[PDB]
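Peer 1: Once you've looked at the hints, dock chains Y, C, F, A, B and Z with the ligands against the given chain H.
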Amino acid sequence: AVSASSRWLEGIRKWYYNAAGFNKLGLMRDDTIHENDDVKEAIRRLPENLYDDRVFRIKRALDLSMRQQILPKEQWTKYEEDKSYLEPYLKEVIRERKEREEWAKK
Amino acid sequence: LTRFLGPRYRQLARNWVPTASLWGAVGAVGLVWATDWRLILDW
Amino acid sequence: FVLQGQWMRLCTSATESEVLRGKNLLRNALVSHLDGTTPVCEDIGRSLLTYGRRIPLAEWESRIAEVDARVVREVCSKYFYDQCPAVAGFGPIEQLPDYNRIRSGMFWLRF
Amino acid sequence: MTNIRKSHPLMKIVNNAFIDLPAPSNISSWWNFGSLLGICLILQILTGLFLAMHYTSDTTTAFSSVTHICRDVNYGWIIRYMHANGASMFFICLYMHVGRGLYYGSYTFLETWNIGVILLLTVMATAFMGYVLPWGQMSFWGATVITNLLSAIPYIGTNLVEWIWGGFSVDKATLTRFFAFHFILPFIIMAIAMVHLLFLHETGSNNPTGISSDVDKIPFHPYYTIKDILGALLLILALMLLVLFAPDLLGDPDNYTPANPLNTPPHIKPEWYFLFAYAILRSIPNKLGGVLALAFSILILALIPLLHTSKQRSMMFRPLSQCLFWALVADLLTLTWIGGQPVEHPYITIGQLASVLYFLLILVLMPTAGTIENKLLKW
Amino acid sequence: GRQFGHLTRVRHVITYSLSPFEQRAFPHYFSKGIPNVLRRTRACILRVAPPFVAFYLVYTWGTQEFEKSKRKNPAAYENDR
Amino acid sequence: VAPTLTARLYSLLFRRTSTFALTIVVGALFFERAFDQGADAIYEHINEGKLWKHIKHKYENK
Amino acid sequence: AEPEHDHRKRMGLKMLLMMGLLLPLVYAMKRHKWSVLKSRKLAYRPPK
Ligand code: HEM
Ligand code: HEM
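Protein chains in written order, with this note's numbering: chain H, 1 to 106; chain Y, 1 to 43; chain C, 1 to 111; chain F, 1 to 379; chain A, 1 to 81; chain B, 1 to 62; chain Z, 1 to 48.
Incorrect hints may appear among the rest.
[Claimed, not checked] In the DSSO-like style, the derived pairs of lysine-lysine whose C-alpha atoms are separated by at most 27 Å in a straight line are:
id : chain 1 : residue 1 : chain 2 : residue 2
1  : H       : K73       : F       : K227
2  : F       : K227      : H       : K40
3  : H       : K73       : A       : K32
4  : Z       : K38       : H       : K78
5  : Z       : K14       : H       : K83
6  : F       : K378      : H       : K91
7  : F       : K227      : Z       : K41
Just so you know, these hints were derived from the structure itself, not from any lab.
So that you can see chain H by itself, here it is in the shape it has in the complex:
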């Protein structure tokens, strides 16, 4: 029954991303995740392109942070372009491990 609320949420989501640093930074939302054991394995599963990309992005990002400089307005990550490229990989890794637990449990 979500038509107006969810619609507001969709608008809100763009604002949330805009509110979020990653969009401002220009780095992808997927790249931002707390590097833990599951993320870690997902990470490892990335293709050369995807994966080298995430290395430059973070390189460019930690460079900026070191210099307290923001990227130009023209070169920023736009919410409409939410590459959730880790998501696919990250889901399974979890999926596998949740199972593992099920098999281990019984």
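Peer 2: Chains Y, C, F, A, B and Z with the ligands alone, transformed into the frame defined by chain H:
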């Protein structure tokens, strides 16, 4: 939390209680010497 | 570490022995290259645009001869000591020394 | 290797955690509080040992002793006022430290987080006993009312408060105990610090972005030795600014009065570092309820790892937590205020809602906000 | 183990740096600071300042009341009656 | 042409770190004295006659 | 009440100037060491 809970685990818990149960008894003995309850002494 | 180390040592601690051996090496390097027709032709051509129209070949030995352990020490310290490096790598450069580290390697407090 | 001084000695290799270590590029000024943290630990110690080079730990003298350190002894005045003020800094620094951990999710390093926590609490003990050494009206009473606050425990309490004190009150017996534990805690704490450092060295320093920096790492020597020295420079600045221009300013307590056991400053309260703790106890009617909730104030730290709900260990990209993070900090300021307040209606009612706000912020709000943000990002 | 040769794996990235002695350490500091300081403060202010503002009100009110209720010694209940 | 003041200073004292250090030792010395002198003066000026240094006269040698 | 404080104010003035001077140099000294990382711009290069 949720992951730890399991249908399979029960034997370990049962085993743990005895070792745990045995361990629990030691503390009472250990505490008692320090505590020196007159009632404990009376026992 | 070892290399830069070598540099430093060079401009503070050169010993006549050491310089005298390198001396001699130079001669040979410089004589043996000139073996063959092609080699002589290039020296003669390039020598003329480089050093102008001289062929310092026999001079060399003389010039090389003026070499002293003090000469070598003072001449090296113009160019390597306190001077700022030009460093390039093509990684795995992940361990390559930080520009400032390399830099401090050109002077001698310790290490 | 040959004549690589560093790895030659095995010992000197262990020191290459300072010079050669992988340190992230990007890195707010906030992280200098680690280093300064140590700075303060070392300054207190050098200072302590000189003061304890002219201090006596008896009822009769202690007040006199301090009084004598600040009058007849050469440069004893600054040493003592440097030691008092320092401890302020030491705490001001501590609470930056934990803020940072709270905000950027440095606390993911569970093992490091748990040492931190121990660290924090150990210093906390230290500060509580040192302030009592001088044996002045504030000190005297503050010890009674805190220590006694332990007698809330039902079965033991009572017996136990009496063991800690070495008698029925706080006479000499207690006073020499604090002198000895104050002295030996800091040494024990240094071991802890190093143990803390040990664990942290196994995963390196998190960043404002919240992502691994392994793809961007820098020489600690070249860069972070100057930063740290600079940090010092400002740190000292604050410590001397305080110590030289306004020695007593930050030391709320004006009670330079030798402790008279029948006398009482109706306004009894811990120092700025311990101000938050006193306030927490006040909002609960029941004694025991207040002691539990006091412990939980501080002890609630070790939960936060488990509370973490978002996919971004970095608050940096999550507005909403940045807002509730700040509020907690300002709630914490609000609580500190209560600490120096008459325990009356106005302050009571306020503190009580601040003490619920603090635990909400930490237990319930933030964790939810995490989720939300994750869901807005479609994560 | 070894912290520098073993961190991670990085392919295809060039970096270009310059020497300290060739550059200036203070790059149009006033000009960058103003605009950068300005631009981040204004992105902080909203997330940070509120709660402090709040405390201030609560401080202010909270002290007024005290002084009143206590200085208003007749506050609770009047004199004439 | 002549070397900028810095270049002069550089080649005379900062090439060799022995010299450099020597400098700094020396400098630290010289500097402490000037600073103090200047910085003490400045501070006494701000409290003219407020300090015993100013006020010794009154009860000194009759 | 505060014999040390009287001496401290005079010392504070000396301390204030030295700290200020030291702070200014350090910011400059600090900037130079960290300048290289800040100055550096890294451009990703496509594999193909
Ligand atoms: C961070 C750890 C420490 C903290 C927080 C700390 C804090 C304090 C405080 C708040 C006081 C009360 C001073 C006053 O207001 O008059 C004090 C006094 C004292 N402390 Fe420390 N201290 C620490 C470490 C040490 C150490 C390591 C020593 C000995 C080596 C020491 C020796 C003393 C002595 C003798 C006094 C009594 C005289 C006085 O009042 O100055 N303290 N300490
Ligand atoms: C005796 C007091 C302490 C000292 C001297 C100290 C010192 C340090 C230093 C020098 C650092 C590195 C820089 C930084 O991140 O700020 C650090 C990091 C850290 N400290 Fe402390 N600390 C103390 C207390 C604590 C407490 C009480 C805890 C938590 C309960 C704690 C947890 C941490 C954590 C988690 C980090 C790593 C954060 C990161 O970079 O991801 N520290 N500490």
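Peer 1: Each hint needs a verdict: does it hold in this structure or not?
Peer 2: Here is how each hint holds up against the structure:
{"no.": "1", "hint": "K73(H) with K227(F)", "verdict": "violated, 30 Å"}
{"no.": "2", "hint": "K227(F) with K40(H)", "verdict": "violated, 31 Å"}
{"no.": "3", "hint": "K73(H) with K32(A)", "verdict": "holds, 16 Å"}
{"no.": "4", "hint": "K38(Z) with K78(H)", "verdict": "holds, 26 Å"}
{"no.": "5", "hint": "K14(Z) with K83(H)", "verdict": "violated, 58 Å"}
{"no.": "6", "hint": "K378(F) with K91(H)", "verdict": "holds, 13 Å"}
{"no.": "7", "hint": "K227(F) with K41(Z)", "verdict": "holds, 21 Å"}
Comparing the model with each numbered hint stated earlier shows that hints 1, 2, 5 do not hold.
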